[PDB]
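One chain comes next, on its own, written out as C-alpha cells in the form deposited in one PDB entry.
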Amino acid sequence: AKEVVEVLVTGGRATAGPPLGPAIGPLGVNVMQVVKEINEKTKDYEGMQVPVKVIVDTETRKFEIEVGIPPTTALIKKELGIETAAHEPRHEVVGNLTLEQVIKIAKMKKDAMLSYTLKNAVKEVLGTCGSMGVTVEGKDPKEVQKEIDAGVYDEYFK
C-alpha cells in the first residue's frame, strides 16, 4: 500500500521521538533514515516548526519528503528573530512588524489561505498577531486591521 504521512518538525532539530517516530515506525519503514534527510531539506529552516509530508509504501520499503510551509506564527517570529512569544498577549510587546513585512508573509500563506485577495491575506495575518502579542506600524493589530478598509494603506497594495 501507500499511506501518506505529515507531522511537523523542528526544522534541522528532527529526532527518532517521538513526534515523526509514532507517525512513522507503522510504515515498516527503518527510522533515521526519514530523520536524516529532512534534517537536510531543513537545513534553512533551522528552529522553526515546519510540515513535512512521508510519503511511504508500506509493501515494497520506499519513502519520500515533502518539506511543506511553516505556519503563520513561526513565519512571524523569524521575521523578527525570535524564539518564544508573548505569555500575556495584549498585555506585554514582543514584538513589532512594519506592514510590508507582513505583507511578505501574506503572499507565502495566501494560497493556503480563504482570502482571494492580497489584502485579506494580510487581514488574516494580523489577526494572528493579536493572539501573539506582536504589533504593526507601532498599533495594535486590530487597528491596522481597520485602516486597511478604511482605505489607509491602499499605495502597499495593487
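Under this definition, the rigid core comprises the largest set of C-alpha atoms superposing within 1.5 Å between the forms. Numbering follows the first chain given and starts at 1. What changes on going to the form deposited in another entry:
Rigid core superposed between these two forms, residues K41, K62, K119, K53 considered: the one with a C-alpha shift of 2 Å or more is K119.
Positional change of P141 between these two forms reaches 2 Å or more at the C-alpha, relative to the superposed core. After superposition on the rigid core, displacement of the C-alpha of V29 between these two forms stays below 2 Å.
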Given for the second form:
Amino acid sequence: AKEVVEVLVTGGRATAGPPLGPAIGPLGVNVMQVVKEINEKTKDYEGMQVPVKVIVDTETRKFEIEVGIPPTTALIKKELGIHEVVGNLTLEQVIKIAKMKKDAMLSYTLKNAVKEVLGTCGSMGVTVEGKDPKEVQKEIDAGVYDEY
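Now show me the form deposited in another entry; what you just gave was the form deposited in one PDB entry.
Next up is only this chain, free of partner chains and other molecules.
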C-alpha cells in the first residue's frame, strides 16, 4: 500500500510525538529518520507552522518528504529579523476563518488552523476578544475552551 500523510509541524522543531508518531509509526517506518529529515528541510522555517507531506510505501517502508511553505506573514517577520492595536475580532470570527481554512485544506486540525489565524492576527496588530492573540492562544493551549 501507499499512504500519504499531510500534517503541520513546527519548522525545525518536529518531534516524534504527535502528530508524526501517530501518523507514521503505524506505517512502520523509522519515525526518527522522518523527524530528522523534516527538521533538516525546515531549518529556514525555524519555529513556523509548515505543511509537510510524507509519502510511504508500507510494504517496503521507504518514504519521502515534501515540504510546503509557511504563511506569508511568517516569512515576512523572519525577513524583518531582530506595539499597536488596529482592529479587533471575536473568537467566533476566528473560528469561522479557521473553519474555512480547514475545509480547503484538511491537513489542518481545527487547532492548527485557529493557531495560524491567531498568529496572523498578531502579525496584523489585531486583538482577539480585545486581548493579545498570544494571550488567547495560551488559554487554548492549556485546554480551556472547546465551548466557543
